[PDB]
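Undergrad: Next come the chains, spelled out residue by residue.
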Amino acid sequence: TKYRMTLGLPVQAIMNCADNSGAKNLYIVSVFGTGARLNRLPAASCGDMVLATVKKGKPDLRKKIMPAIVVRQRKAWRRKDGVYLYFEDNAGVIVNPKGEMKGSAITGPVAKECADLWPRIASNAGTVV
Amino acid sequence: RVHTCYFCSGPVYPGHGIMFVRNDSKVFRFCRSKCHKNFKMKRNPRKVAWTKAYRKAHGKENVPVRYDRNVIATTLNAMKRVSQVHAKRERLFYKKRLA
Amino acid sequence: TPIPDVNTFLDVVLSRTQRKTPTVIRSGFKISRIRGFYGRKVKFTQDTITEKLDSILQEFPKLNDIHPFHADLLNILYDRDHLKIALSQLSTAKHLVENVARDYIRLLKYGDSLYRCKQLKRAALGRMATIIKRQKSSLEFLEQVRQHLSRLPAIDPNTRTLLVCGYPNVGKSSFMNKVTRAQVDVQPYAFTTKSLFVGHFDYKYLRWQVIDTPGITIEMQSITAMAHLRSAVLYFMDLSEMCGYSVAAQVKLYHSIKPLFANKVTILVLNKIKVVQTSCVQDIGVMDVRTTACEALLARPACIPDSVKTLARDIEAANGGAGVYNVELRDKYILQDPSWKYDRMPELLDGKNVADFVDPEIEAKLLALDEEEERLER
Amino acid sequence: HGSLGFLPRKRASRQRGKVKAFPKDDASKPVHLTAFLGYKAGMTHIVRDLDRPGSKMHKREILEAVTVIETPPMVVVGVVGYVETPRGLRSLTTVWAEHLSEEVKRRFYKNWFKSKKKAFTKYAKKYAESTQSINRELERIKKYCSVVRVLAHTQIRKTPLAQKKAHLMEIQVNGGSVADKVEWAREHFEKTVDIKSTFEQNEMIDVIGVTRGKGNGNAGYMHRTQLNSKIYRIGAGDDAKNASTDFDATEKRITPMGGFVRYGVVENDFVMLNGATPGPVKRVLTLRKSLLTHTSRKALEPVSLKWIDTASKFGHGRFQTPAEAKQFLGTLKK
Amino acid sequence: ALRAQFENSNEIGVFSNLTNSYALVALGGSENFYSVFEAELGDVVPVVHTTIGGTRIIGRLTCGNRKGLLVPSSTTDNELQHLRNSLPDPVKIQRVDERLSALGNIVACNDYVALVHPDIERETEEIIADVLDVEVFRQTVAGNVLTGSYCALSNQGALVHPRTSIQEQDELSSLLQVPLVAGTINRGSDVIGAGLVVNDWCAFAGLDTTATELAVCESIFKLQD
RNA sequence: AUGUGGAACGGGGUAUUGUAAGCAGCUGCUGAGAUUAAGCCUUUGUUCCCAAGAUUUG
RNA sequence: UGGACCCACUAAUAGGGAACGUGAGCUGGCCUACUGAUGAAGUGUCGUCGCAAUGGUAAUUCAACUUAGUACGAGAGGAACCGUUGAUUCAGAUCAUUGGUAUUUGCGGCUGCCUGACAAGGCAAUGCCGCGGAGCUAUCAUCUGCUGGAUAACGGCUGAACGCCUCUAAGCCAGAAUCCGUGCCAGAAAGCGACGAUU
RNA sequence: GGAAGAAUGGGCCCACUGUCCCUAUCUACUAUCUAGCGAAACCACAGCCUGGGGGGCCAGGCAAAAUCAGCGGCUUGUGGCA
Numbered sequence: 011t012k013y014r015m016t017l018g019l020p021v022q023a024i025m026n027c028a029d030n031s032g033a034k035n036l037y038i039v040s041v042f043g044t045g046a047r048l049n050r051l052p053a054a055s056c057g058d059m060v061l062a063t064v065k066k067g068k069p070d071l072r073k074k075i076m077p078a079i080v081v082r083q084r085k086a087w088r089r090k091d092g093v094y095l096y097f098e099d100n101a102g103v104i105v106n107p108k109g110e111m112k113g114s115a116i117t118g119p120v121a122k123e124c125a126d127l128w129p130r131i132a133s134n135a136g137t138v139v
Numbered sequence: 002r003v004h005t006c007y008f009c010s011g012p013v014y015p016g017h018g019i020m021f022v023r024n025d026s027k028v029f030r031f032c033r034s035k036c037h038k039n040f041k042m043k044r045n046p047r048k049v050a051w052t053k054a055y056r057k058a059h060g061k062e077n078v079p080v081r082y083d084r085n086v087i088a089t090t091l092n093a094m095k096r097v098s099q100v101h102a103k104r105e106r107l108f109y110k111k112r113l114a
Numbered sequence: 010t011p012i013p014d015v016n017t018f019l020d021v022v023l024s025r026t027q028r029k030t031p032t033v034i035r036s037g038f039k040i041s042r043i044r045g046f047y048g049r050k051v052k053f054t055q056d057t058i059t060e061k062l063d064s065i066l067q068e069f070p071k072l073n074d075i076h077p078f079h080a081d082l083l084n085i086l087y088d089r090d091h092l093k094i095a096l097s098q099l100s101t102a103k104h105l106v107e108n109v110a111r112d113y114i115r116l117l118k119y120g121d122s123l124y125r126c127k128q129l130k131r132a133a134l135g136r137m138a139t140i141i142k143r144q145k146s147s148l149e150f151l152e153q154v155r156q157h158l159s160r161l162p163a164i165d166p167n168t169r170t171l172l173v174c175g176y177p178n179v180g181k182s183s184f185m186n187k188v189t190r191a192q193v194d195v196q197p198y199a200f201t202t203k204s205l206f207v208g209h210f211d212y213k214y215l216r217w218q219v220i221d222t223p224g225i235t236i237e238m239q240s241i242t243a244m245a246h247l248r249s250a251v252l253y254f255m256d257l258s259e260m261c262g263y264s265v266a267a268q269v270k271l272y273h274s275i276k277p278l279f280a281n282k283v284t285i286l287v288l289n290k291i317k318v319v320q321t322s323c324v325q326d327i328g329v330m331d332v333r334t335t336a337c338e339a340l341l373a374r375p376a377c378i379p380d381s382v383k384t398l399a400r401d402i403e404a405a406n407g408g409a410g411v412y413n414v415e416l417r418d419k420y421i422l423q424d425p426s427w428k429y430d431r432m433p434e435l436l437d438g439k440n441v442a443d444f445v446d447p448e449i450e451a452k453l454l455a456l457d458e459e460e461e462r463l464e465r
Numbered sequence: 011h012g013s014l015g016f017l018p019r020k021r022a023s024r025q026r027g028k029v030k031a032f033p034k035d036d037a038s039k040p041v042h043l044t045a046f047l048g049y050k051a052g053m054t055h056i057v058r059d060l061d062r063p064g065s066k067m068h069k070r071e072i073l074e075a076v077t078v079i080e081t082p083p084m085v086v087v088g089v090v091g092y093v094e095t096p097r098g099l100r101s102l103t104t105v106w107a108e109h110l111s112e113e114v115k116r117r118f119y120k121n122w123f124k125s126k127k128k129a130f131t132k133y134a135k136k137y138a139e140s141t142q143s144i145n146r147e148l149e150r151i152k153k154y155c156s157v158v159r160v161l162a163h164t165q166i167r168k169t170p171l172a173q174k175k176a177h178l179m180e181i182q183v184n185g186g187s188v189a190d191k192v193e194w195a196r197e198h199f200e201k202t203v204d205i206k207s208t209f210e211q212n213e214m215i216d217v218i219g220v221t222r223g224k225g226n268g269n270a271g272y273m274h275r276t277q278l279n280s281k282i283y284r285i286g287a288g289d290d291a292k293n294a295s296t297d298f299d300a301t302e303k304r305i306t307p308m309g310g311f312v313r314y315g316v317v318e319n320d321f322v323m324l325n326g327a328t329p330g331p332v333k334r335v336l337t338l339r340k341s342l343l344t345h346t347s348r349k350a351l352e353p354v355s356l357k358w359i360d361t362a363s364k365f366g367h368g369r370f371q372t373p374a375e376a377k378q379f380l381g382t383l384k385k
Numbered sequence: 002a003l004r005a006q007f008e009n010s011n012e013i014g015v016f017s018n019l020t021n022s023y024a025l026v027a028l029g030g031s032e033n034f035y036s037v038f039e040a041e042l043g044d045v046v047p048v049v050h051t052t053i054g055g056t057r058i059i060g061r062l063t064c065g066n067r068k069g070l071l072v073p074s075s076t077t078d079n080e081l082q083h084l085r086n087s088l089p090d091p092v093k094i095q096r097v098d099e100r101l102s103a104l105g106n107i108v109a110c111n112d113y114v115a116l117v118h119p120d121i122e123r124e125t126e127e128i129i130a131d132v133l134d135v136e137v138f139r140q141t142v143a144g145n146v147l148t149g150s151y152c153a154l155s156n157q158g159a160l161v162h163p164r165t166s167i168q169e170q171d172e173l174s175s176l177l178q179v180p181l182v183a184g185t186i187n188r189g190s191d192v193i194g195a196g197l198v199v200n201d202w203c204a205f206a207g208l209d210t211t212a213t214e215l216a217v218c219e220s221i222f223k224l225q226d
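Chain order of the listed sequences is B, X, G, F and R.
If you read the first sequence in UniProt numbering, its first letter stands for residue 11, the second for the next number, and so on.
According to UniProt numbering, the stretch in the second sequence is residues 2 to 62, 77 to 114, in order.
According to UniProt numbering, the stretch in the third sequence is residues 10 to 225, 235 to 291, 317 to 341, 373 to 384, 398 to 465, in order.
According to UniProt numbering, the stretch in the fourth sequence is residues 11 to 226, 268 to 385, in order.
If you read the fifth sequence in UniProt numbering, its first letter stands for residue 2, the second for the next number, and so on.
In case anyone wonders, no lab produced these hints; they're calculated from the structure.
Keep in mind that the hints are not guaranteed to be accurate.
Simulated crosslink set (DSS-like; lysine-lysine; CA at most 30 Å straight-line) [what the hints assert, rightly or not]:
1) 34(B) to 12(B)
2) 364(F) to 428(G)
3) 206(F) to 69(F)
4) 68(R) to 27(X)
5) 124(F) to 69(F)
6) 203(G) to 38(X)
7) 34(B) to 27(X)
8) 112(B) to 41(X)
9) 439(G) to 53(X)
10) 201(F) to 136(F)
11) 53(X) to 377(F)
Produce the complete structure using the sequences and hints provided.
TA: This is the structure we're talking about:
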């Protein structure tokens, strides 16, 4: 499972894809497993599965409401050890509902929270920081 | 383990400060908010008077080992002796710097 | 989905309509408000009937769309022509109900008084009830069809299979029961296995579906299944004639059934002893026959330790169980002193990481440093 | 809106927390106390190993915010008797001690110095004259009464507070027969009861106090009682080795550098509480043993602190003690 | 070859690391996996239950051999001290501070020959060669930088991605001086390293691995006998 | 309403800014200077203040 | 529930009423309530410590690991009780850690004017900029959110009516997020008690 | 985060922003008190709620002064005809 962690990627936001599948920019549509809260747009963060559309990339891949896992976040969130973490940008991965990415590599460091939650993401990761 | 600040070059205790990682797999720890903003603005520590880097370079200043009871006991006393000896040299150095 | 009775379905539909839609309309309101209230109740009644009919149609499959083996078995064991007729009658009834509801809604759109609406509301319900009551035998046939379909197995002709057919009680079922974990009951009465029994089996890292067939409606079903199936024939002939059928009769039956056995591997099993002799009484040769039928159907050296050449869960469960058992890392340590292993260590003292600045050589270095410090002081 | 139960949102009528619910008595159990009242000074954060079975964070390192509450030992000054009646608990009589601490006398007087200090004067003499009368009253307590509470007061002198009035309150004495409680109360007259008597460095306590005031419905200054809130450590500041975590050694004192914000320097017995507590700093708080009996793993697990932070809470402090500070900083002109 | 799953996932390689002389297991998870490892090779080789950097991805992040074991520099010093206490004295553990944090996923090492990602630093390669006492070659597996995760290495055989060319597979096998088989495990999963772990005498695969894949792995690793 | 009393100041500790003015010869003074409780901690520091006025009370 | 009959989450996105729902909350084609704040008064007097009549109430739900790839199922698949950890909504607090906050007009930097000059200062309706403690606040930060009885459906037991039988008639047992208490808050300003002094 | 309700604005796109998520903080004034000055509308009599015939009637519930501040007022699930 995953503990409470700061949400900072609400719907109607543009978020960058960091794999080799050819996708470049990702548009958030909806968030999996969100409660029925009143007047609160669901958000996303590292290790969270959300519904997103590929804005730019390969034409066949885009125009599909597909699950996406965020791997990088600008917002500063606290890790349970007590240290606050923030990244230079927001990065995500192109993944099927089963939990498998079409791409075969990732770019740059990878949050361990995303890596530990999804074991095959750690398999594709080469730099876990 | 208390890490060393990237900008302030001081002791960083757990909890306080922030951790910043880079695309080149380089992670920088900022001791305080001012230090984090100092690294945010790319202020040179050698160009910052209140930084140990300038204080040093301006004339102003992996294999684990099996534990042993005797080694641990002597390590603590040696550290206290090392600090006492090191502090005296700085006082002489400051006196020489003042003179 | 389960098939309810005609009376029960009407009551459930009527009860659901009353429970969901409001039932308190005072006569002092507007005519449109009364018209809207009556129309909503009618529309809800139409929707509930439409949902039930659509669910029945979706649950009911298409005989043509089914596989050739499944469709033939369905037609033989369920009278697919009669089933198709009943489904069309239900579909026609659903269309007729929708037309009646649309006519009633249009009539309700020009409603005048509460009594006119009340009479119209009753009239629509009565017409629907009569249509539902008329379509009574269709529900009974559907319920019987659902029970037969549920009891029916999932045929997989694409995968490797072994069809056992021949004289009844010729030991083919016993061989099938031995080969596969599926156990079909056998009785002294002939044609005990009314329906085919399929048992999955593993051989040479391959999955084989041992499917039994009725001895020779059951015979017709067995013939139809063997007609369209990628499987090998397992014609078992009673060598000792203990199955009640003569050897010549079994041979004649096998020759007659050879048109269905064509384009497949044929095995001649000499029961109660490819021609394979299998002693049904002695239960000998069953494995050999199955194997034959399956075959017919088809510088970095390793430092292996001496211990390798020659539990934790139980321990945790006994003490406190999972989630209540804490495993101590001190025990799983190679420290020389057991007291040292079970004791803590100094992590960081006086602002310095002592654990990161303590080395085994410091034991002698400290004494040397102490001597050096004294010499420097002197 | 908020909870309907907490209505009305009126300011508390009591400055200090009142324990309305007390643990059920058990004569089989030995005589023991149930409630404590200390002073909230401030808070810090500590580093602690998280030995939670079955959790994903099992046998590893976690950071938890803690609160520091100074609890100087009280002085038992009297006992009261309570009788179970068809109208509830009724106060039968009350017996006190001889030499009341001078802070207690401040409680009875709104203008102590102007008053002639006449409180309990005739009671003191009548005790020294004839202890038989007191013995008769204690006979009444031990014979007729069913619930016994001892009169205890905070001893504020050794605290670093401008206030000089002792906070008086009652603590149930649960355990043993009625005569056993009275005898325990009698033998504890005029003496001090330490915090270590009731809490054992790992126990299930309920912190009570009046929340802080945000000003104007009313917003702030209501009575509150928090549940759970496990204890992390019951320090003994009288020992110079009070904080002194075994893992880190690093000789230190609980008092943060420069003193607690708006409180001062903590010197006496203090209790460490996880999370937060109702009420702002330098306010009297009340603790009590948890009413219910729950053996949940979050309430039964042992705690062995790894490292506590004694940095400068005033501003963005970064130094634990001057001993570790001086050698890091270059030798200044002073 | 033994088929088992960690928690509810068969990706044993991510959650555990198996060497020719020691075994790495996670902490705080399902105790059945530790019992299975202990029953399989616990009495033969040590099995350490610890987390590197407070994570259960130690198998997919740490790389090592029977001679030496390498861990990311981000691992806690307290974790390192516990590892040395658990591990035998002849086992060498060295911290690696390189641009690649996932040592296991980037480089797969055998008892004699090791293949690392081309982006590995020269100092890290020298440290790896010094620690593991094996030859380190900087190359790519199936055109993927993550050679240590998309391919599996063992003394008696090697497993590569099914998309690898025959000539490339032959070249890699000749370079590794061991037989190589290109395929997929865990019912078609292309992460052979993440989905399979094989030692010199024992092999541990996912519980969901296909029987044909298990039979192929046993023949390739010669683990049948 | 005479006290480990109160107060105003000041010292120390703690903190923010960034190394002053000036003396000078970027460097030294100087990781200085300034501010530091007005809702920070402490006071063997100097000073004065007070064993006070009115009102209602069986 | 979030977005223009729809398309996704979620456990679901139930139906209504307040007869011109709430158009004197909303838009388009004096006095009396309620909330809070004081308050004179019996009880001699003032004060401390309690009692608690009564009134209100608060937590909901998900997934996650064992218990499992066991029961079961030819297989394909695949339980549950318990135990334990997380998450969502809501509630009650708290400002160590992080962020926000600038009338500390605190420190630093920038521009202009003046004294014949340097210095020296001052000002620019808070000139401009950086940092900025303490405070305030953050589902942007953290902590915590029970346990006993009586019940409905329902399962039964004994047992007549009715020489059998019968959960019922006389009785009893079990059993629902239900009901009533426990805890939580208010504390009668015309409910009360113990206790200290009493010109 | 960036239209989910300041930028310089530029060429549906891009940029921008508390429109919104979700409000938080500050300053000033008003508000507030004190001193002084000081109205008018309006006024049968007044003023606690449930039910029955509204605030005055009947039967109930209750009921403690003086005040300050924010602020309300029959119908349902079953067609008809022969």
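Undergrad: Report the numbers of all earlier hints that the structure fails to satisfy, in ascending order.
TA: 2, 5, 6, 8
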